[PDB]
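**Student:** Given next are the chains, with one letter for each unit.
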Amino acid sequence: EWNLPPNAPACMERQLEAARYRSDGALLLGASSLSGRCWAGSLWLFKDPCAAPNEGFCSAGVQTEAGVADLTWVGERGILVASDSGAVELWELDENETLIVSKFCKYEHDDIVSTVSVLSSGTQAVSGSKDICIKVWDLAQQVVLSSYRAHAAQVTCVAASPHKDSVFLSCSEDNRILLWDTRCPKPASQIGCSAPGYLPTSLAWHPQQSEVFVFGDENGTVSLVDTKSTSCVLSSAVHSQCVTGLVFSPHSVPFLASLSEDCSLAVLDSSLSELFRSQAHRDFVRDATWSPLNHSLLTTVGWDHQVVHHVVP
Amino acid sequence: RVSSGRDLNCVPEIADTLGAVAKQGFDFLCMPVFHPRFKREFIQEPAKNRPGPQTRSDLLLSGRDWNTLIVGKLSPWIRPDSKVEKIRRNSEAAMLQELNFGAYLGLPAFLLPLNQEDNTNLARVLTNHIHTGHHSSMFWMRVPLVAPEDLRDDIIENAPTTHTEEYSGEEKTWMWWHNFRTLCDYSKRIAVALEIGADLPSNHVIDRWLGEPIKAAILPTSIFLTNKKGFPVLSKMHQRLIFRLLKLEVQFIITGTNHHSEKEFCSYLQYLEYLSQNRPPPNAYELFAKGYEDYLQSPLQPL
Amino acid sequence: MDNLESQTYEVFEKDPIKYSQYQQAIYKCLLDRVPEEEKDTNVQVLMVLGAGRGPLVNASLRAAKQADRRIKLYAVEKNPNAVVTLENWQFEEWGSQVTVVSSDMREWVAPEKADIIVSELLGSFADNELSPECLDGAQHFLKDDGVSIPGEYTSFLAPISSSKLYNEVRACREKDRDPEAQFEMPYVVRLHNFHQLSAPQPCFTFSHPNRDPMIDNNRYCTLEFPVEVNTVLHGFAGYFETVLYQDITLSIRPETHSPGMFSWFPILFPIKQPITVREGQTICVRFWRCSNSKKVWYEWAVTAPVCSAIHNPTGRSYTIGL
Amino acid sequence: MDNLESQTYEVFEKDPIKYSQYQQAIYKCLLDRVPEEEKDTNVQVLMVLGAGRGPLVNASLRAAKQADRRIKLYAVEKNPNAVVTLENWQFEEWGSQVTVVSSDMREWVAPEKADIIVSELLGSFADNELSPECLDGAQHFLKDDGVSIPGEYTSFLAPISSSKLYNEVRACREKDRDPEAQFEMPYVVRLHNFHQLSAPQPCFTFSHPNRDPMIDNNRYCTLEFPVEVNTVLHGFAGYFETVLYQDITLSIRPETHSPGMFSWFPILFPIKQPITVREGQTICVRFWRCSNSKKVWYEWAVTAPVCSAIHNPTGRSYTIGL
Ligand SMILES: O=C(NC[C@H](O)CN1CCc2ccccc2C1)c1cccc(-c2ccccn2)c1
Ligand SMILES: Nc1ncnc2c1ncn2[C@@H]1O[C@H](C[C@@H](N)CC[C@H](N)C(=O)O)[C@@H](O)[C@H]1O
Ligand SMILES: Nc1ncnc2c1ncn2[C@@H]1O[C@H](C[C@@H](N)CC[C@H](N)C(=O)O)[C@@H](O)[C@H]1O
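Residue numbers (the deposited numbering), protein chains in the order written: chain B, 16 to 328; chain A, 13 to 315; chain A', 316 to 637; chain A'', 316 to 637. A prime marks a further copy of an entry chain.
Only chain B is shown next, with the shape it has when bound in the complex:
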């Protein structure tokens, strides 16, 4: 409580949903209240990473109307948020960076918005909902440009390509992984390792080779995939529960972080062999974000309200 700035609420909701380092080195926090009287969420900026989750030593904070299902930095001051309310919302960070203020809140989805990714230009984003839709947004205009009912069940994860504005991956509980390219008149192409396996639950583009990605499934397996020869290259049984997130290090030879509902973090090399493992969390592991300053530092949040900083050999 030593700090607790204006507009910031006294208490941070127990269920830590997301953690993302800005390029300047500061830590963004999304969190939801998933039990108890009030079902809501809040947004946090921590210029002192080591100080989090302590509400006291934070740079800014704010209550959202509902819980936060996903979020992502938009450039440097922008916070884009996937809501329970069905809304995607933009929160603009202060010019002094001590207030977080609603930029827009658009109620466009019909169920919880579960997933959100920023497209490489930074002027547009794709959101994925339980309403089975995928939506493409103009951030400056505050509008949905395109709506896509490509899937047959709820969408789990949408991931913008690092470098091309019209390409992204989505995956849904209808067993499909769609490779998108909005320039085609039929934008989705179903490209899953096409033996109907286990439902895909998490996606991550390779940051260098703009044409390989990874997907994790509900069974704890992580898989490396080439888009051009589509013969699912590598796979390893990394987890004993669903794999909920996949995050590549900023290294030029990147390591892959992998988080699970088995409450464990793993770090894997480019051929998916296990380098690291952490049981430090005692509830679900929800996100992982690598330090821009120190490249062997990795931060995880969980539903155990732990913000944990890892040193990676």
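Hint data in this document are derived by calculation from the structure and do not stem from the laboratory. Each residue gets a CB set at the ideal place from its N, CA and C atoms; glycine is no exception. A hint or two may mislead.
Label-pair distances were calculated between CB atoms; the ranges are [to be verified]:
(1) A:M249 / A':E408: 54 to 60 Å
(2) A':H455 / B:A210: 53 to 59 Å
(3) A:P225 / B:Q224: 52 to 58 Å
Let chain B serve as the given structure and place chains A, A' and A'' with the ligands on it in line with the hints.
**Tutor:** Leaving out everything else, chains A, A' and A'' with the ligands in the frame of chain B:
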């Protein structure tokens, strides 16, 4: 006058939300009893031992309010028919827990989805619950006229929507419901929540639900067209179905966000009320026969 | 064996007597247990067993800041649904003074022993909800000199005449079971159109803690009821009394009934056939409390002035599960 | 849950195969366990679980003076009446080499751990006598590297057609219970006037010892039966196979049936309504094994070519007690 209800999948505060939807005109609310995103673990350490509460308190409402105003929803992550053993186990327990909680609260009804062909294990767990304790609570199966897979935009390059008409495959959805109620041995406790889409199917695949115990019809906001003066209305063909459903007396459920930000939600609802007002009035027969619909009596033997 | 619904906890929470009687029992016990000069240094560990939605927990707290003494509280409840209410209470209000445990008291491994176990696990015939078995499974974590609340309970029985209730039981025949099961199980009922043929007499007694080398909760009792009108016996009315602490008691025996206490109605034990009784005769009834590891039950018979079938032999028509 | 009568033990003791197969399984295991140079210095501790009137005990002894190895025997039996026979055997014959224990193997406190637990607690559908639960409660006294005999078992199912047996089940309707309970419980029967519609397939498997961190004996299995005549399904036939030791096995699956072995007849799982099956169709059946702390049971359904009611939901018509 219609009896209608709001469907939400997000309730930040139960006290306020209920107020809003009463204010908006609705007779009742469909909401989750646990957070829809709050996946629980039942078997594996550590997550098993997650500190409680598991959900919000019953004290937040009066008994009266619970018995009369709240229809529960199954958490959408619960999948008793997963291919994955562990998920299937957690789902078994999770479903029990949510169901037991509805019973505890004395909810009048409770919604479960049929959104795939195979619901054998869902059926079993429900059948199990139904024969455990004594309660009169209703179970509404949320079944769509048209399967989600058959409503998808034709926008996958390498998986086109199979265009040629199939008499059977446009009925699949009924067979989903058929098998589920056959395995539950036609429990009187299990009824239908028919979900209407923008594409009303072939007239024959609607016929199908003739005779079935439809207790409720679910209208997504998305299917309302707009009149020349910016207000929500329905296509002529959708209007037919409404009059048919009204004849059979069911409850109507509005689901989804506002898509005509011009006015409140109460516009959608007003329109139903509008359609209900605009039925022909009962004939003399229909007035006499009113309380007798589907009520079996012995034939008289005046001899 | 079943989980109480929310509206049930709600109705009975409204009792104007049961709770303040409990408060008082805890308040007297707290004083007897920590002498004045210890008031700030001795902190009593208190366990509620079957906390419900927590009104005994509040009552324990009210007792403590009235005795001006200090307590640690465990709130143990098997009903996961009620446990939801408790855990919202301990987050919103009680704070870490109360520890909520979600388990069966027969199963729970206690981190520490208690000064005082508090419970109300009693039905209209005292032990018909298996309060003996439950507290027997819990007593291994009561300190060697610990107090149980309640300290003891005793059931009672009176013979009655009622053609009206005889008919009600009769009307309880169902398909797919013994055509005479209705008669071999007890009903909770606000007995109204009936006559009491003799004054109630004690039947079964249990004390807590129970420091018997060999514990046996089974029982067999013979009662002898002087009858001084001519009549027909259709049943036995059960009641109970319980000693919470010392002189602080609860009763539904009508001689000593606790004023205002609506929480328990009488129980009715019926008989398959009505029995003629002439003025001057003695009614002799017999009651057994029986059990195995899965369930407990009653069997009973009338042996004077004529005999009747042994009722419920084996708990064929009615058991209470463990 | 019930005590076998003497004449029952007598009939099955006459089996010409079950016992010598057991002897052999113990004999192979004894050799694998004590190397030649240890033969006089290593004395293997052997436990029979469910000794009955003792023929496994004699069989263990016969195995030992055929392997020329030395054994200590515990003979554990819950049936006090059978225990009478055992104790007359150990006084008149076995001497102190055999220790007879009269208790449940789930309850017994073992003075020492075993090299080898031996049992035959199997019914016609393998695990329908609760051999899993029983050996699971006993395994805490099997040495860290101990052998169970048997090592594993697997049940099987085949769909059948029989109007004759459909009628027999029908004829099993009783007063005072569900008019359709006959159909929701399994029968042991020497199936004769019937047709097997598809080849049997594995259903449930259990291994012993079971070193799962979390042990779960519940199950759910889906089978798919290719059918190539037109017919009516009235039931499922169950059989089983068990691995005693290594390659020494027992079977009542007719493909691999153990010659001469009359000890187990097939089980029949019936269905409330017969179901039409056309040549070319698949029969899909589903079986679940369910339980609580008191009892275990099956529920099953047919989901293709048409569905049927879920059978026995809750074990309302049939449980096997713990
Ligand atoms: O058996 C029934 N209906 C067929 C009869 O032949 C109806 N007729 C109609 C003609 C008639 C006229 C005088 C007296 C009796 C009758 C009975 C029947 C049985 C139970 C109830 C009713 C009933 C009772 C009230 C309102 C409508 N229907 C009707
Ligand atoms: N063996 C047990 N372990 C834990 N809780 C139990 C057990 N047996 C009964 N209960 C709970 O004990 C309570 C008994 C109630 N009559 C009292 C509830 C509450 N203290 C009240 O007075 O409102 C119920 O909530 C039961 O669910
Ligand atoms: N949990 C248990 N504890 C002790 N004995 C048991 C238990 N369960 C079953 N039994 C006994 O196991 C035996 C099983 C019999 N099929 C085998 C008997 C004997 N060994 C024989 O083959 O002739 C019966 O005598 C049962 O009474």
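**Student:** Determine for every hint whether it applies to the structure shown.
**Tutor:** Results for each hint:
1. A:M249 / A':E408: 54 to 60 Å: holds, 56 Å
2. A':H455 / B:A210: 53 to 59 Å: With Cβ atoms ~56 Å apart, the hint holds.
3. A:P225 / B:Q224: 52 to 58 Å: holds, 56 Å
Against the hints set out earlier in the document, no violation occurs for any number.
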